[PDB]
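K.L.:
Chain residues, written in single-letter form:
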Amino acid sequence: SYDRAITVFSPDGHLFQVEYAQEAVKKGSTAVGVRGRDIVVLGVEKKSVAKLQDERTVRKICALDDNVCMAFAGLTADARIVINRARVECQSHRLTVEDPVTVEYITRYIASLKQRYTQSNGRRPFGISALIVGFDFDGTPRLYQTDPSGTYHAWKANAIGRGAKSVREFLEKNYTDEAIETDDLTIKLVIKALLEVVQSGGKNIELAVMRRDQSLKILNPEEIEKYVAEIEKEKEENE
Amino acid sequence: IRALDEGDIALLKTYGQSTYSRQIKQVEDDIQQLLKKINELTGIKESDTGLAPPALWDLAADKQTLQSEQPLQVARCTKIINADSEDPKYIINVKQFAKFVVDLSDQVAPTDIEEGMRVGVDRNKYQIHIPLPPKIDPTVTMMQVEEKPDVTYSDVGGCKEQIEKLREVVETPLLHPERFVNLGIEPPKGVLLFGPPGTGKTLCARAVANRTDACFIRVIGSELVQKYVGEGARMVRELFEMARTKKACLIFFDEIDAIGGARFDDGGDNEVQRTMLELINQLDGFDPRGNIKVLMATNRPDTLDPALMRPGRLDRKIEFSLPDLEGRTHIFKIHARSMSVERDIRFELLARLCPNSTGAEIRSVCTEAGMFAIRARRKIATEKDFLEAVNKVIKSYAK
Amino acid sequence: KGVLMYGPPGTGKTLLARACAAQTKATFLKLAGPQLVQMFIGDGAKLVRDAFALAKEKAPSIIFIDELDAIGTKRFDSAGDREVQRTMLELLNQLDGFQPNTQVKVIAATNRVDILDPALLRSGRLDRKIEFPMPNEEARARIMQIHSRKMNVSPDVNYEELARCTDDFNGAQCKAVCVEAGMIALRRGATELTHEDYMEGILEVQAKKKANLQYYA
Amino acid sequence: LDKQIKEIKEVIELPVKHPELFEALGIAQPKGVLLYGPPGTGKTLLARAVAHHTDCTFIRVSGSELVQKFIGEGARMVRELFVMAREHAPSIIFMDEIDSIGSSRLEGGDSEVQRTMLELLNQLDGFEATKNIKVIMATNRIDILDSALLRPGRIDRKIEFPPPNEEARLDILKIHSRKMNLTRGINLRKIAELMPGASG
Amino acid sequence: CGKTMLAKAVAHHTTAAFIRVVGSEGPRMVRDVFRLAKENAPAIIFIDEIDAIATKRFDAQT
Amino acid sequence: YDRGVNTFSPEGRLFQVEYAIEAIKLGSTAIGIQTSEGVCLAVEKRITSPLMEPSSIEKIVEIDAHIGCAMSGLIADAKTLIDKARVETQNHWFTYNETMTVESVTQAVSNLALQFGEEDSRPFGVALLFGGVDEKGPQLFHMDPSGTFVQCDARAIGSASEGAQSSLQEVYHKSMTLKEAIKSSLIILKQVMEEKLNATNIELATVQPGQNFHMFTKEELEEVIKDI
Amino acid sequence: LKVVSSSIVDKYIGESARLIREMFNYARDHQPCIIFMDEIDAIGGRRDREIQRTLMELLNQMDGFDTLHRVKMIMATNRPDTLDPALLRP
Amino acid sequence: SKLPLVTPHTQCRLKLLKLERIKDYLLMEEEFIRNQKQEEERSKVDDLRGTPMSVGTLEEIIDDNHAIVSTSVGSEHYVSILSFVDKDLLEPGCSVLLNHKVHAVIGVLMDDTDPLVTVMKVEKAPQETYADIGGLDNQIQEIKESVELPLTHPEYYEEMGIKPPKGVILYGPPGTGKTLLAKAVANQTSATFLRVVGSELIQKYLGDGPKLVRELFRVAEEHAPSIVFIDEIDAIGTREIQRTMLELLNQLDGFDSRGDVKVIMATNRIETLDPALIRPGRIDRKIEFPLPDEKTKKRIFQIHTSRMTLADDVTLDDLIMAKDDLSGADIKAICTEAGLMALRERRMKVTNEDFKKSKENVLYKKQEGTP
Ligand SMILES: Nc1ncnc2c1ncn2[C@@H]1O[C@H](COP(=O)(O)OP(=O)(O)OP(=O)(O)O)[C@@H](O)[C@H]1O
Ligand SMILES: Nc1ncnc2c1ncn2[C@@H]1O[C@H](COP(=O)(O)OP(=O)(O)O)[C@@H](O)[C@H]1O
Ligand SMILES: Nc1ncnc2c1ncn2[C@@H]1O[C@H](COP(=O)(O)OP(=O)(O)O)[C@@H](O)[C@H]1O
Ligand SMILES: Nc1ncnc2c1ncn2[C@@H]1O[C@H](COP(=O)(O)OP(=O)(O)O)[C@@H](O)[C@H]1O
Ligand SMILES: [Mg+2]
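Residue numbers (UniProt numbering), protein chains in the order written: chain A, 2 to 240; chain B, 22 to 288, 291 to 422; chain C, 221 to 298, 301 to 439; chain D, 154 to 261, 265 to 356; chain E, 210 to 234, 243 to 279; chain F, 8 to 127, 134 to 241; chain G, 196 to 242, 250 to 292; chain H, 47 to 82, 91 to 292, 303 to 435.
Worth double-checking, as some hints may not be accurate.
In the PhoX-like style, the derived pairs of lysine-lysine whose C-alpha atoms are separated by at most 20 angstroms in a straight line are [what the hints assert, rightly or not]:
{"#": "1", "chain 1": "A", "residue 1": "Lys-47", "chain 2": "H", "residue 2": "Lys-423"}
{"#": "2", "chain 1": "F", "residue 1": "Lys-52", "chain 2": "B", "residue 2": "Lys-418"}
{"#": "3", "chain 1": "A", "residue 1": "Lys-48", "chain 2": "H", "residue 2": "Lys-430"}
{"#": "4", "chain 1": "D", "residue 1": "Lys-330", "chain 2": "D", "residue 2": "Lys-346"}
{"#": "5", "chain 1": "H", "residue 1": "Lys-69", "chain 2": "B", "residue 2": "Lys-57"}
{"#": "6", "chain 1": "B", "residue 1": "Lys-340", "chain 2": "C", "residue 2": "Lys-431"}
{"#": "7", "chain 1": "D", "residue 1": "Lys-314", "chain 2": "H", "residue 2": "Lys-429"}
{"#": "8", "chain 1": "C", "residue 1": "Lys-245", "chain 2": "C", "residue 2": "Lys-327"}
{"#": "9", "chain 1": "H", "residue 1": "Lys-387", "chain 2": "A", "residue 2": "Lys-27"}
{"#": "10", "chain 1": "H", "residue 1": "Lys-387", "chain 2": "D", "residue 2": "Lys-287"}
{"#": "11", "chain 1": "B", "residue 1": "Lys-57", "chain 2": "H", "residue 2": "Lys-48"}
{"#": "12", "chain 1": "H", "residue 1": "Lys-396", "chain 2": "H", "residue 2": "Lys-430"}
{"#": "13", "chain 1": "F", "residue 1": "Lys-239", "chain 2": "F", "residue 2": "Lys-196"}
{"#": "14", "chain 1": "H", "residue 1": "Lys-61", "chain 2": "B", "residue 2": "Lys-46"}
{"#": "15", "chain 1": "C", "residue 1": "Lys-221", "chain 2": "C", "residue 2": "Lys-351"}
{"#": "16", "chain 1": "C", "residue 1": "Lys-372", "chain 2": "C", "residue 2": "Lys-351"}
{"#": "17", "chain 1": "D", "residue 1": "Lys-222", "chain 2": "H", "residue 2": "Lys-258"}
{"#": "18", "chain 1": "F", "residue 1": "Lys-149", "chain 2": "F", "residue 2": "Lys-196"}
{"#": "19", "chain 1": "B", "residue 1": "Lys-169", "chain 2": "H", "residue 2": "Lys-258"}
{"#": "20", "chain 1": "D", "residue 1": "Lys-170", "chain 2": "B", "residue 2": "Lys-46"}
{"#": "21", "chain 1": "B", "residue 1": "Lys-169", "chain 2": "B", "residue 2": "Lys-46"}
{"#": "22", "chain 1": "B", "residue 1": "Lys-116", "chain 2": "C", "residue 2": "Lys-327"}
{"#": "23", "chain 1": "H", "residue 1": "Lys-423", "chain 2": "H", "residue 2": "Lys-387"}
{"#": "24", "chain 1": "D", "residue 1": "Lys-330", "chain 2": "D", "residue 2": "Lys-162"}
{"#": "25", "chain 1": "C", "residue 1": "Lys-432", "chain 2": "B", "residue 2": "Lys-340"}
{"#": "26", "chain 1": "B", "residue 1": "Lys-84", "chain 2": "H", "residue 2": "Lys-258"}
No wet-lab data here; the hints were simulated from the structure.
Can you make the complete structure from the sequences, with help from the hints?
P.N.:
In structure tokens, the structure reads:
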């Protein structure tokens, strides 16, 4: 009994179609998220804006809460589907529950939706993975990752997509156990990887920041290039 | 861009050229031509035929024997006419040449020749004078082990009961037939060895080969599976008659699962099944098998044909399992016996450290300790070395 | 003029053929199915025809074609095996076709009668189909007595109980029980084997104890 | 095909006719070219003419010839074809409709198709004895083909053969009418204009 | 209707040799058929009820 | 006989659920011990990278103040089964006010598990250990994708189940103190399973009848680390 | 003339085709005659080499029947499906 | 024999001087050769074997100087053996010289059959070297410890008591340098090299798979110190093909004693291979060939563009950077494609823009997915 299906097991017992979903995630572009001392920062790469393709429309970064933000790496159609579902869920939870939304609940929601969609015949799993950053961890930053197997884990700093093998090791090389003083330092550190992954072009670092109390914050390419120049000065020290 | 014109090529293949390339090109070309000249001058390298050391051979005996004897042709004998038991008149079937009715020379005797017999025959009167040994297939005749593998029973660890059961059938009746005969019991004549790969099956086979005195023949799947139909069955026939020629013999079919596959029809391989049926018929069919003891090892006991597992063909089935703690300590002792190691190595600690590791794993970990040591250039392996090896191999399996 | 003997491996078919060859006093041709197939293009049918011709030339003759499962198999198989088909067809028509063949009796043995042709399993060729079943319990006791005839058994061996333990045993497995009891008596060094040795042999021969069939699904 | 013919002169002819540059450049010679276009667009004709001018030998095997009915036969055919080409001095290997054995196979027998395309790719990748040995591949409608052979270390270049235009129709009509007895008052240009989108 | 009949008649009257294969009878077979044609220069090849192999093309599955 | 559970083998076995057992085998190892002092469970995280929060992998959980759990397998739907167990305890206690017998909790989880060919999906490819205390006895129980379930004294599931089970069987007896059971289980885990104990990959949870609080082990492992 | 078809088969190169040709020549020489080849599938199966080359010779000798010979032929088989459709042609 | 290695490559006076020294020595060889008994042993042996002498096949040896011999006509002859024939060089299947008149056995002819593995014997290993491969330092050490050092220096292992490792698996993305390392280790120790690439052992006949494996290992034993490189072990390794696996596994770790032959296998898809094929007792060294990192990629660029004439402006580092997405084979393709771009513009001396365009085009030769 070979894989050939979603709801059947090979004699080993692993659902290879879930593996195919995770490889479908692997074929997507880079996405590396972190949490800092107080703030959470993100920068997406591989914009590859081709002239008439005005880069704003595709919306590489989506903020779906009073304050929470992420798009989805993989195939973007299911990304926007989970976007609509996240909008509905966050607004409905804020309306119905005695207290507003927390990042843990919404991450569990996404994981459960992915699992429930997967757990049936004739229903394609979302081949999409995401990195969620939220503020209301009792007023503290925390980062989560969601995987098409319907799984959710917590990270101090994680990378998924085309750089998953590389950037993660980069993080394992330099994620300071010292809580990042001057969260702009964490922003420079993450911008370094977000650039170096895509040829450090300086054009696709498209970035968002939230200090775990603020609403959504965005970084324009010039202000991000400021952190890029600081990182270049830090790297030039070896002389 | 316009294509590279001949003038463009000519300009390009120079100018950028150095001030030596012309001379150096003429030098390498002359090197090549004069190397051909050396080859021609030295001529063709001599090809020999093998004439032994000169002092060893010749004497007038060789040429005298050449001019005096007869280079006999080889024939099958057939249909001893024996029209009166006084003028026997045997038929011969000299292969690829002819068939003749012929008589004996003055040397050989009627009791010497039988039907078949692969006789030898003179070249111009076709008289019969030599009894030649029968035809044995060269692949079948090389199948005999000849050189005894160096591993003995004492080099097998943990399998006390399995080795005891195996030696009861394959070794004891040959060594001490009086035990069985004076007690009036017929010993079993077939053993199957089954267990996970790398558990030691072939190893205890080699051990048997050591302690064995009678003829030992090695068989693997590829030996019997020919492309031609019935030829594998033919090989099985030749193998068993060769074994019958010996005064008692052992046959060992490693990887019997290669051909022992159970019969299936609505699908099959069939020809492999035909060879396996010939093997079954030889093992236990019409006519006594003889003093031919049989040993087979397989990684798949269930896959073999049910007729092949049947007692009388595989009387005793021996299971080799992943060793227990004591067995793991014993195999560690056995493998570290040869190695250069520090004295007080607590082998039981590693043995308990081992997960469900086959004996092959123990050999591999010992070799890995040896390699770490030789990489460090130290002449003695240490406990830290063995721990590092244990890790290496277990994480390598874990991947 | 045709007797096909059949049954699962371990009943005694080959033994029956051997006994029939013993107390007959006639020309006996013994062969297996793999002997007939051979490599060359026309030689297998030649072998079958020559065997039958020899049987005629020594008219009181019985041919024991053992392992008929080899040459005999469903015509359309799986095909480069058609040589086996032709040899088998020569056998087929050397049993009943055109010229009759009398005074040449044929015995055949197979374990896989489902595999065989609907042709060489006919009624004109193999008139008698003799089933060899699993030995019944008095049959098992008789078999153990037969094989332990000369092993110097104990004066009290409860063969009936052995038959009760040895369900699903074939006759060869009963002989295996006997020889295993002898070997176990040798391990004890006992000059005569007894009932406990037979129980231990039954444990040795029987099976693989299956597995955890409540974990199963 | 003048543009296409010029590209294929460059890539094939230059290493075979003037290897010294690639020695002076040091770079290893390019191995082969894939040819793709609608069926009938002179691909075999172009390969045959290139082999004729380059003075090296022409060996052909269509992809459909490779398949066979038995496992281990496509591999043997490819390996012995490469042996023949190597034994035949400077040579170009031509394989028409290579897409027949190079296509979407991940759908899932099919085993021998992969064991053939992988073997061909192994023969060309190992640059086996590629002293003046070249290969040429032809495909109808490139899209059905797979990238496994076009991967950079493998076969190096692609050439497109669109349907002949008005000027190309003029040539081909002239060439194939050169032997036919034509009559004054003929107006072949109207004929070429009247045949839009011919495949040659 | 006489499709093979007239072909046979033509083969008899002319110096041609008449080789026939029916479409129900892979590519190696076609290669051998045309090669066996090549052995006799004026020989004729005939495909009987060809349509089975020459059916309209599309994306083939198996 | 490959498309699903609704096909029977010649030997009757369904060629779908044995693959779910092997799916148990691909998961992280998990251990459970039943003693008259307290019921304990242990689990290996397989923390892919320490940059993860080790507590994030919920391979050790608390269903309720009297009952904790561990699992091995695909993990993803194991959390769903824990959710069902928690809703079971909540509903039954809020309605009847009598404590849910851990036997009954396992029975309810089994009733959920029997919903792949028994109505109108696929078996939950994961196995579970439950450890609980109740007014009538402290118990430990085991659950597998087939929906069958058994009371055990010393249980092990997941990868390396056989060797860990053998050692756990050899160390067990009926009158052990929970301290000796915990130490034996931990040293077994150290020798066979991965490596020396540390807070970022091992987890332990134990429950006692008179204790409805802190059914976990957390931020106190140091004493063991120096004294294991 | 009665024939077990497998009897036609011989291992020498091209001997079986000669055997079939000679059989039909004996048929023509000793009229009136009836040729009964039985178990035809043995040499009449759908298209190991020599059997096909011999079926070709059987086809040629069969088609060589002029209207005048007093020669007729019977073929018997138990698996007519396996028979080559070449024989099935009128 | 072959000419020595000339290892300046730029056209300089040093290269010419080395070639001139080679020229001088070869000219002295010319001079020496141009500048220019055992008739009793000849008249004895080479006249007993009176010309012509036929060639046949030895079947069996029955007595001390009597053997059974076949010939091309297929006949069989029992004929004596004259004393000068080396007995230990005589075995069944051996090609043997025979006196034309009385078929006397007059010498073994060194084998000229079994042509498949005969051509399989590479002997053309010297195209690569450890120098030619750059950056595989850990893998170089692994292969050295595994296959090379036991062949070059078995002394350490015999002194220590280790039976050295004698089977290795190489795995990683294609074009990372697996075959390169295999050929390089074949060159560094001059033990003969045998290659057989995966699916080519798969055959239509029932026999030729296991038979091919058997004769391959037989010839490997015959050459004694030998390397058997199973490239694309995948195709066989991932009943008949399983039987070929069984024969290969038995020939790796089975009965008899295998001897000195080393076995190196290469795969792209290690995780898919059958666990039996990777016998942890036998396949004790698994070696990963990951995609080259920055230092490696620099080394590969240096070695491959070294033989190239270069302009001043090339910014080699900026060529490397990126996110290590290209293996060594892709880098060689970059080098060749940049050379072609330079040639198109008529530069016999490549520039930076050539490499930039080359890398951009080669990277364009990747991926097909839209979202
Ligand atoms: N009824 C019986 N009486 C005596 N001995 C028996 C009996 N049944 C079986 N045996 C013994 O068991 C064996 C039976 O095997 P036998 O040679 O008859 O082949 P078989 O059962 O027909 O097997 P196969 O079909 O594989 O050839 C013999 O060794 C015989 O001594
Ligand atoms: N009980 C044991 N004692 C000593 N060495 C062993 C034992 N079991 C296995 N080995 C070692 O592991 C290897 C196992 O090979 P083996 O299992 O005989 O191959 P196969 O599985 O093909 O029969 C042998 O080379 C042997 O050296
Ligand atoms: N430009 C051309 N000039 C002359 N003849 C042509 C031209 N293009 C095609 N042809 C004719 O049409 C045929 C094209 O064959 P080809 O394109 O190789 O077919 P396929 O596309 O199936 O490979 C040639 O044999 C040639 O005779
Ligand atoms: N580390 C390296 N050093 C030098 N060349 C390399 C390296 N890695 C790959 N190559 C290039 O790749 C080719 C070898 O690819 P390889 O990985 O051996 O093929 P395969 O994937 O079929 O084993 C050679 O032409 C070589 O130039
Ligand atoms: Mg029998």
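K.L.:
Checking each numbered hint in turn, tell me which of them this model violates, lowest number first.
P.N.:
When the structure is compared with the hints, numbers 10, 16, 18, 19, 21, 22, 24, 26 turn out to be violated.
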